[PDB]
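Using the sequences and the hints given, assemble the complete structure.
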Amino acid sequence: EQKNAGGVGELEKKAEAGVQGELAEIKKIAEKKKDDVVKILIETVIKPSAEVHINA
Amino acid sequence: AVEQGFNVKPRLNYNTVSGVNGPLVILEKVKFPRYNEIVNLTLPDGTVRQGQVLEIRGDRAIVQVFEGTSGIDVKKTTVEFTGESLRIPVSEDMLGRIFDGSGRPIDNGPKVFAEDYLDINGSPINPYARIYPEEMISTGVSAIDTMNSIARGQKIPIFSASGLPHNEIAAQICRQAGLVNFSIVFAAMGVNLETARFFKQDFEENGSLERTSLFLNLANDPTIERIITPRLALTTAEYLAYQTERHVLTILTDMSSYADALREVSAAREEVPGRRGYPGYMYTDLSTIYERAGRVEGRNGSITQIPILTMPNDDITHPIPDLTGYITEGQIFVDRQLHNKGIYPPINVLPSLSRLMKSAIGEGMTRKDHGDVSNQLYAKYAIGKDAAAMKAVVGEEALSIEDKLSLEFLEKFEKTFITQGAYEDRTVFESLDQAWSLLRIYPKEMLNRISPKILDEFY
Amino acid sequence: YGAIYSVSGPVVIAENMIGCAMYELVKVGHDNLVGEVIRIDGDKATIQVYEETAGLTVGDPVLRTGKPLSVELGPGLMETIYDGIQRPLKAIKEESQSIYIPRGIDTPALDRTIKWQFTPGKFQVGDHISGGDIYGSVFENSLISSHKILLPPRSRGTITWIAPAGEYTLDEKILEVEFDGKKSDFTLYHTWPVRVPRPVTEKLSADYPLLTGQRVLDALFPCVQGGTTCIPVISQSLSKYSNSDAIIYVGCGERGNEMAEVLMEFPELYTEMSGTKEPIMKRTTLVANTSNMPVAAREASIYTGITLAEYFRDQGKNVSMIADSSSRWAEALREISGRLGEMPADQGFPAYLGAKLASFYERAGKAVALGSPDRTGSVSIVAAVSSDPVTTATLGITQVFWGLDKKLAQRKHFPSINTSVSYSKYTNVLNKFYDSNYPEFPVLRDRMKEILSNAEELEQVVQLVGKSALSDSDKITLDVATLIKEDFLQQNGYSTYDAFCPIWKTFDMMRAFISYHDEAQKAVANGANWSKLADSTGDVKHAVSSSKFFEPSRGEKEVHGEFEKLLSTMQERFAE
Amino acid sequence: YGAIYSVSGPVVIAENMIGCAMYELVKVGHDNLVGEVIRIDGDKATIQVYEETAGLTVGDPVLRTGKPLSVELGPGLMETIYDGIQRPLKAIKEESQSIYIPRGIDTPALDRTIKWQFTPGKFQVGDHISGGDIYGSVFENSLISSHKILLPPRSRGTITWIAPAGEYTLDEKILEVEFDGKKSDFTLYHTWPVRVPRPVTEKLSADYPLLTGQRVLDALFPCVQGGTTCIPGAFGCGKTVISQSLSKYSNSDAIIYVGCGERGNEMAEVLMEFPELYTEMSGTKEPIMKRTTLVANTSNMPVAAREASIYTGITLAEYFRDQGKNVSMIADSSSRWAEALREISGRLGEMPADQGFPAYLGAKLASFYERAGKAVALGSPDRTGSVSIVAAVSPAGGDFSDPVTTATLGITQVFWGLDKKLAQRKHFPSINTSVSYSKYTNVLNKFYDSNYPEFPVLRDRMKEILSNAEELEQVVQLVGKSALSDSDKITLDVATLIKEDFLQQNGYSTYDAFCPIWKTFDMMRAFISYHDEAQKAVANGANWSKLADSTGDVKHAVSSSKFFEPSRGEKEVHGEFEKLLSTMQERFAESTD
Ligand SMILES: Nc1ncnc2c1ncn2[C@@H]1O[C@H](COP(=O)(O)OP(=O)(O)O)[C@@H](O)[C@H]1O
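Protein chains in written order, with the deposited numbering: chain H, 58 to 113; chain F, 15 to 194, 207 to 485; chain E, 24 to 255, 264 to 417, 424 to 613; chain A, 24 to 616.
Hints were generated in silico from the structure; no laboratory data involved. Here a beta-carbon is modelled for each residue, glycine too, at the ideal position from N, C-alpha and C. Be aware that a few hints might be false.
One-sided and incomplete, this derived list gives chain E residues near chain H with beta-carbon spacing under 8 Å [as the list claims (entries may be wrong)]: (1) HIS53; (2) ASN55; (3) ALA77; (4) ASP83.
Here's what the structure looks like:
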């Protein structure tokens, strides 16, 4: 049990190291598509539609 | 490719709450109320509770509140009509997470990054598009894989009374539910924290937490979101199994508590009650829940549904187990008497039935002797119960030679075949070999239900 | 255009709905959900919807179609899987290209793109035509060679124009009828309400047995073409080799995988009734309706199936109709009553359960189809049930009953037909056929019934008293009855030899078993000890127990000769 | 303020009440009767009144208090008896100078005049203090000393002024938290809604046994500290006596006895008996009553107040768990809560569930029993409290098929089913060993391995003996004892001895009021050894008929082992049991020689 307990920190460090690439990829994707998504969201929020209820 | 809509639909906020009683909130002057709509009641304390429109009139909307109507004020509660039925945001990353009853996360993780907004009620599968499931799963339990075999795509519940190890049996099936890589979705329905923690611990220990999504609705959780929990869990299962071509093993524990939630909601609507006060439409509700199993013609996926059920007073005649037997395909009957005698699993194979064993039994699927062995075991166990009753009533000496052999078989069958430790994973072939070692107690003449071409080859 | 006023599950009250009628289909909502009016009270008209009612908003228009729940009768019913209200599931899956049923689907019940080869009937232009008259026959497929298309019942006149022979669809007129001064046009198909039974010239007595195939049923509890059975294996046996010219399988509240099994087994299973092996689908129609589908559709599936069978016997074809789980139809009725608020009677069921079951079962029976040429059909109804109010109301109208024995089912003895509680009230009508074909069948059937009843009476005393000193005659009777239960009554449906035991083979096996019993009684009366006769005639006992294995494919002449040898061997062995 | 509009028993539909919330507390009537809202229909809000509604008149003002039913928590809770609503019965009696509960008494929940020796905790001025943190301990009594004053669970922020050590009344401010610029003053007591469970950091598996002190209970059907328990049984079975013998001698640090629909003389008996008993815990002979608080809502007191009494009891138990005490709340006659719910639903006209009960009875009971369970307290320092719920479900007519009994068995992990037939024979506590079970036997292996390693083995062995002899006696009652073998006769005699001298525990007796775990284990070992050695002797060839007469002395010594008073000490009684086992072995050796 002591041997297994000692490896928890090493296992945690190894898991943290592998994730760090995914965080970098997420940051890169966000930085690349931030302008496009922001433009789409703003253009959707402004310029509203105006339609009465279909049953009215 | 994929199609989606960046659309913003403003939502009407109604402060016009008329009255509130039980789980129901009645609004007063809704504009074009929509049936089965989801509304967000903003309490005076500021907390927001979701709802669901159950019935509408010209201007009224009898909203049921998932998180309970405690603290709702008729003069300060504002109802926000979203404009669509309850849609869960699903994703392929939803596997490995834990969600509350209402679909919100419990673990420290963030809100699920949506991949599609699926309606929880689902859509009816075309029966022409359903594939009959003829691929048995080797659950590892002897009394299931040998006499009540489960096919991958079958909705088979576990009828267990209060206090029996149905949780242990279902955890065992989940642990060793391979074929003769199952993704799992779990819908805890008012199970106590002890049972929920046991299920979570088993799923973590067996390595299943990497591929399972739990929908925990504890006994402390509100008693009306038990009506959203099965639908959320099953629409997640449908998403994974069909639209990701995955295999899913859904575990809807405490369908008795689900039916109790339906009774609580129905009795507050003053609807015409069925037997035991349950709603008349409870067959249709339980059908909408259970009938979301089975494989499909196009998508390589299967929802093997195992809804654990708590039959009160250990009775089949009770409406919940009765209608679950009507809808589902057989049942796994857990016996209080066997559990008291100390057998595990305490499965009583006499009320137990599996409607797809007739097709997934054998003759090239698992083994040539599977069906006949199962039939022989069931027949001799019925004979053993009859002989035990006869011996108890009119003495053991009056029992015939066949009856005495049946009693010996019953003893050696309960104590050596049904009796198996948890985390024991005997294959279907090992189960059949143990069954034969039981059936060799009888002479070859008294094994009539065995076909002779198999008797002469396996005796 | 009526407007929705209230929605609460299936029931949908609609306002501004004057001029409506009870049990009238109305398209509900913007998606045109099909719904039937169940209660009109002033402007309001309560509507049960046959689809998912979620998403209906107050103010959605509902429009009255002016007709009751109408099945579309015509060519193209064969080999089509239909939903509860006759929506073609195969066509829905093909059109939508998705595994789901689209909400408010409007696919036609009959195929409007298939050209049908139509041959005009004996009616010629100018000849007066009556309701139900056959004005032509159209080829459908190998089994239904002549799908004789009728004129709609309750329509008549002088045919002012009849189409010539050729290929036609279901959207092109094939006959014009002048009627009472108002011209009308008729097509290869014609609608008919499910609620209103199709008329007859005259119902007849059902005198021909429906060969269910199972030994227990076809021997002790016969069903006749035009009977009602209330069955609790036999579905396919009556489907494949019952000599029924057509069969309309109906499923109510079927478990999804059971319905899938039926849909995957009926197309695969083939019959050799014709000159070659031909599929059953060419003969059958499946009204498949799982439990998931709306309760209104579940309630309507029985009526759809029975009116399809009524059409196929108005054509003059002996048609069966296997209604799976009529208990689920009764449950649908109970749920509908609960939705409406009507006060239940008995065990929560509607008070009119007896009336509904009678109005459904009474549609059966051999009948002379109305209108020339003269022709007779028979809807043999085989409903399935699961002390219940539904079964105690069924037993008053059904003429046969095959109640399942729980003890015999626990012993894995199939079919688990309870011999004491079952009956068949055609055992007197069917003497006209037994005395003509197999003269000894009634007497031997009564002999076997008496033997089984005596064994049942003796078994109670056996169980209560250990059964050490039974008389020799009583021991012989009980052993003979145990042999009968093990060999004659028991029938492995999946086995090749006992898949379909013909009536002649059943009669011969009855002869063999009754002859064994008579020989045993004679030997006992001779004074010889049955304890010794057991060993002496073990060979004959094994012979009669293995007579079950005589394959019917050998032919009636061959098999009857084999049994005659066995009975001859029986008399010779009596010298022991 | 609204007005009464209709009264029908314990429901008061009050008109002109736009603005009342669900489960809000109202003061119905001129006497300010305490009532809670349960249904709202426009202006009229249907109120259930926790007081005798007789004499109410239409138009009597009803005041909306603006807060749900709240129990005051803090020092002074211990060693007091309360009504259903949080009212001290002693203070009510001394205020009314009468022996009756007057309608509408509003005595403060906790004695304000009594001054407590507050001693500040580790928290200093400026340190961030979250909900449930301990900022001081008051000296309540000699037994519940250091009644650690928690911060309210919903309160948070930074300390601005904490009171120095000294004596303070409850109304005196003790601490002031500044949170986002809005300072809030905190005192020794804080109100809490009874319906809302008190938050905890994280619940834990309950791995330590609630030693009831009764041999049958803690030797066959153990209950762990933090496990729900149920005691079904007809009248006279002994649910109340089991509950009292649990609250008298358990290992629980504090006890919240709840007499929801009990008898008045039972609560009077508790009030006079607890001060006369002393708990050996805390290193002194401090009285039991210094650790028990009582919520007495007797059977004839208002029907609606039974629910309030149950919720108040469980909230007090939750508070004392958050303090870090192994509480054991005891809900006497929990079925009376179900009957109160049925009566209120009948007044409301709501559609019934099975057997008259409302459709939500199962949900209410489940949410109540889920409050139990060991859990780490909410704030620093780390604390591990526990609430054990031992509720006596009282079936209607003695049949366990009652809806309340089924809805309780579905949630409780322990089932101490009592038998009326064993109760009649004075076979007490009359635990029906056939149907009773405890789902904590597997959990308690981790404790029985550390202490008393052979305890589980003996427990399964005695359950085997009892089951085998029950089946054998069932057969014999119809087939006579002629066909029994010598081993079967030994099983019958040994199980009769077990039932009549080990399982039976005569409470209200000097010797067997409290048979602790060590004496129970030693007696269990003696009984099991007697059975095993008798069976070995009969297998060696000695006839049982002669062996019974030869070893009647050993059998009577075994049956008389229950008379060893536990007060003699663990070492003394263990020595006596070792001597008895040696004498037993010698007697069998001499007999079989
Ligand atoms: N363990 C026990 N030891 C001695 N007497 C007991 C015991 N249990 C119950 N009794 C007797 O039972 C009576 C009280 O039973 P009680 O617990 O009040 O049952 P109920 O709660 O059903 O009324 C008392 O008179 C007492 O003498």
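Hint by hint, here is what the structure shows:
1. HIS53: holds (7 Å)
2. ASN55: At about 14 Å, which exceeds the 8 Å cut-off, the nearest Cβ of chain H leaves the hint on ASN55 (chain E) violated.
3. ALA77: violated (16 Å)
4. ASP83: With a closest approach of 6 Å, the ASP83 (chain E) hint holds.
Of the numbered hints listed earlier, those contradicted by the structure are 2 and 3.
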